[PDB]
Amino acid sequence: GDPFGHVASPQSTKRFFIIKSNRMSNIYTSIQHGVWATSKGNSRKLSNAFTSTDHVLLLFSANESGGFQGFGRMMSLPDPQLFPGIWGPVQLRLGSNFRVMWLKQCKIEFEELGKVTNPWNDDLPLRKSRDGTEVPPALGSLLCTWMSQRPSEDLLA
């Protein structure tokens, strides 16, 4: 639902998901128009999180970028009327588009985090996260804090 506080404030419930993108151009489109889409399986998972969590955070990592480009809040359920067809033919293999509010654009490398593993993903290194991988709230909160502390990038510039 709607945000009733800042995503960094402690009293709200949060879930944190890693989003992978094969194309930087898709990230640029997401920043430009506040929109994302994911696989049908991830769409259901994110939908169930969206209705039952105060804030759903999406941590964006382009394939082979070596890290994160920023993070955003999921703002709506998948919506067939939101920017229909914006992604081109891949739209046909995805769930419906949903609104995203980008909350930080930055550069941070997985290797700057040292030996970080995800106990919710078989204790695998953060770099091996797949699209839709959930991270525990203590780690997710820290990743968003560390990203927020970095200088803001203007990735569209």
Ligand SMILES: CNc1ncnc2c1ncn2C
Given for the second form:
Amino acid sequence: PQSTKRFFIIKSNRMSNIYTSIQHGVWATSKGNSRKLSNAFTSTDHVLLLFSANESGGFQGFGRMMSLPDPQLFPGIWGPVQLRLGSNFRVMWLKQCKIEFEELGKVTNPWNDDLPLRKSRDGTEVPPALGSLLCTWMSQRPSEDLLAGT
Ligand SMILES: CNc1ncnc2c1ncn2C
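Could you give the coordinates for the form deposited with the named molecule bound, as opposed to the form solved without the named molecule above?
What follows is the entire complex, opening with the chain shown before.
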């Protein structure tokens, strides 16, 4: 199905993933999520990725998926974990910020079995009404220098 904008939660297990992603405009995900994001990319004007570190209580920003997984793109940049991921794809971060799940109140996701937004696993899609607002709220905050003090 075609659509204009779709929105996916991305979880990061180590902060260095986010720092590498910001420095080089790149991401990779599990093989199943890679297929899901690739299918969205070719049928949707904009695929937005909303980044949330495992260890954090919220989002560190959001970006646009710019290209499909490409085995030639930054091969092995994540280290040996590359062996259990799909191929790398380009991402343009549109905002670096700090927004806590708790700042949003107790939001649940009807496209994820009524789970709290804060319990979203990697690759969880959110409905556009919620995804658009999350991105709007992130954009309206001061940018956070995520790489400061790292
Ligand atoms: C750079 N992305 C990743 N790194 C390590 N593990 C991951 C990733 N995505 C999903 N999982 C399980």
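Just so we're on the same page, rigid core means the largest C-alpha set that superposes within 1.5 Å between forms. Only residues modelled in both forms are compared. Residue numbers count along the first chain shown, from 1.
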Core-superposed, runs of 3+ residues with CA shift of 2 Å or more between these two forms span 10 to 12
